[PDB]
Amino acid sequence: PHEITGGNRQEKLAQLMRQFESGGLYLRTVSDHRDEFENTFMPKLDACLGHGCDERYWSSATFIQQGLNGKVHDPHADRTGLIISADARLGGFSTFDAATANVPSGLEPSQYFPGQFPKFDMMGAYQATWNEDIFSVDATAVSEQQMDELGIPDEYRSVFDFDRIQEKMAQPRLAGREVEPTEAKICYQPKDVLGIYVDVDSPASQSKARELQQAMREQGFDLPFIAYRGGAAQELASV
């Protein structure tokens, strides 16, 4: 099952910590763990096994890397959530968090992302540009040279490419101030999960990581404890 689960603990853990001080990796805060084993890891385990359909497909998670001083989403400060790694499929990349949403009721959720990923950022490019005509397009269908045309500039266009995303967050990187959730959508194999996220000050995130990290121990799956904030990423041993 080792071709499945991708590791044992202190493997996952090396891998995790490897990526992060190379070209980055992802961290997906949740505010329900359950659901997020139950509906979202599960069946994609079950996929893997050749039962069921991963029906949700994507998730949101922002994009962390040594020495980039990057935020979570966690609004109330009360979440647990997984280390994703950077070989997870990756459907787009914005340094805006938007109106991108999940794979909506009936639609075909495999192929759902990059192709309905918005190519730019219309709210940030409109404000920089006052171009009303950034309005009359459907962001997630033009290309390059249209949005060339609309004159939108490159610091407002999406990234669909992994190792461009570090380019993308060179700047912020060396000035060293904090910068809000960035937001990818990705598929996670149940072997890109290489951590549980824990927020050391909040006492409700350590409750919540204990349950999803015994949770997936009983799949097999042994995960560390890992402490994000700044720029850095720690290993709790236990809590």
Given for the second form:
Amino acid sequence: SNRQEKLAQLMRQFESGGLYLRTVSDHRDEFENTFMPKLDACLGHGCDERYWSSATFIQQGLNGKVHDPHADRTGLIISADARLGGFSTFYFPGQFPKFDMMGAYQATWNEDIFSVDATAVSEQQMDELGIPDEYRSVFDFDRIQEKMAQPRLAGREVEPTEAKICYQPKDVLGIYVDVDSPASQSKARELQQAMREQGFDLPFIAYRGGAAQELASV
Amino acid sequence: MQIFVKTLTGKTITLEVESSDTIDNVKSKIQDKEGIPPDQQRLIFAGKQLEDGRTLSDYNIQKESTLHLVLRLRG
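Having displayed the form deposited without the partner chain, please output the structure of the form deposited with the partner chain bound.
Expanding to the full complex; the earlier chain stays at the top.
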């Protein structure tokens, strides 16, 4: 799809069930060592799921922060259709913990929490331990929406969330730009050019506070 | 290597360790800095409490990793 179709898809998802935002510290690394190997496989013998990535869930009205300690990151807006490996409010599949051990302990002070492996625990055992749902991970897209529904509806600001996803080139819908950051804009500019030259003409997207806006050129 | 140990009351501890250190050895280094006998320590990493007898490599703990220290009565 061309730029206008990617933007239309992006906003359609943002304004309904949401989608992903992946900030990156080094856009050349993301391009050369994650996006390009994915594309090489897609155009070769077929797309595969060798590269997993971290991302945040974004959605209209969800006042969610993104991870950018120095306000100097660009990033990728990624379709909701990306393969999902796990989500928490706090790599290969199997490594996502079912619950946040340290968070759950400071919630319940139940020392029996330390007798289990948070990657190998049953639903029954999590219920028996009393792990509150606030500290449990989820594993399908509908449950991400549910986990974030209450702060979204309240208009309440939330910290960055963590999803592990496997995106394919077709899933990249936009380039993240931090409106307050010359460095983010400089990096986003380079990333967008490189992606367009590969045949992926993407809009610049200013995400902030549960709102997302298309930009001409940064 | 350098690893970090967070307590339940805000504190970050820095330790120099080798990849083949046993968990008992790491707890001895924590004792030296924090005064907690190793039988009174829990070390948590990536959602698991670490067993005595095993090493940092047995848990694939790499450099600049953060562990979480929790105090216990005994064991």
